[PDB]
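**Q** Use the sequences and the hints to build the structure in full.
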Amino acid sequence: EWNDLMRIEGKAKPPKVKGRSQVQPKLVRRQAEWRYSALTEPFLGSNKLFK
Amino acid sequence: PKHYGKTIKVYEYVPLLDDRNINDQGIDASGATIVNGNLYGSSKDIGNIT
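From first to last, the protein sequence lines are chains J and X.
Note that the entry's author numbering numbers the first sequence so that position 2 is 53, with each residue one more than the last.
Note that the entry's author numbering numbers the second sequence so that position 46 is 97, with each residue one more than the last.
None of these hints come from the bench; they were simulated from the model.
Among these hints, one or two may not hold up.
[Said to hold, decoys possible] The following residues of chain X were derived to be distant from chain J, with all beta-carbon distances above 12 angstroms: (1) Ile59; (2) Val65; (3) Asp70; (4) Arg71; (5) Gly82; (6) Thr101.
[Unchecked claim] What follows is a list of derived Cβ distance ranges for each label pair: (7) X:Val86 <-> J:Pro65: 39 to 49 angstroms; (8) J:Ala83 <-> X:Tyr91: 53 to 63 angstroms; (9) J:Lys62 <-> X:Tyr62: 25 to 35 angstroms; (10) X:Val86 <-> J:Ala63: 48 to 58 angstroms.
Beta carbons: idealized from backbone N, C-alpha and C, even for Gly.
**A** Written as structure tokens, this is what we have:
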């Protein structure tokens with residue numbers, strides 16, 4: 052369910068109607084998108100990994 | 052995925068030269084309109100091909 056919220060699938064998907072839109076902006080993906088690159092970088096800041 | 056009901060559909064493309072290929076686009080060598088779009092169906096008749 053949490054992955055479906057991230058990717059807009061399953062219950063998170065908007066219903067389909069003939070004369071109306073189905074545009075859903077992605078909030079959880081955005082909030083995670085900054086967090087990823089914030090967290091990954093410290094482990095790649097140097098040539099050696101373990102002290 | 053959910054909320055699509057309970058049905059899945061796929062598309063199958065038949066070759067060019069099968070008898071199952073039935074269409075309304077056909078022009079013979081002269082330039083006139085012909086009934087069938089296949090050059091020849093699943094027919095191996097030498098007389099029919101020529």
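**Q** Each hint: holds or not?
**A** These are the hints, each one checked on the structure:
The Cβ of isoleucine 59 of chain X sits about 16 angstroms from the closest Cβ of chain J, beyond the 12 angstroms cut-off, so the non-interface label holds. No Cβ of chain J approaches the Cβ of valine 65 of chain X within 12 angstroms, the least distance being about 30 angstroms, so the stated non-interface status holds. For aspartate 70 of chain X, the condition that its CB be more than 12 angstroms from all CB atoms of chain J holds, with the nearest at approximately 38 angstroms. Residue-level check passed: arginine 71 of chain X sits 33 angstroms from the nearest beta carbon of chain J, beyond 12 angstroms.
For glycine 82 of chain X, the requirement that its beta carbon stay farther than 12 angstroms from each beta carbon of chain J is met, with the minimum near 43 angstroms. The beta carbon of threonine 101 of chain X sits about 52 angstroms from the closest Cβ of chain J, which is more than 12 angstroms, so the claim that it is off the interface holds. At roughly 47 angstroms, the beta carbons of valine 86 of chain X and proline 65 of chain J sit within the given window of 39 to 49 angstroms. Hint check: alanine 83 of chain J to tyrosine 91 of chain X, Cβ distance near 59 angstroms, so the stated range 53 to 63 angstroms holds.
Taking 25 to 35 angstroms as the suggested C-beta distance range, the pair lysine 62 of chain J and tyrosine 62 of chain X conforms, at roughly 28 angstroms. Checked against the hint of 48 to 58 angstroms, the pair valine 86 of chain X and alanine 63 of chain J passes, with Cβ atoms roughly 51 angstroms apart.
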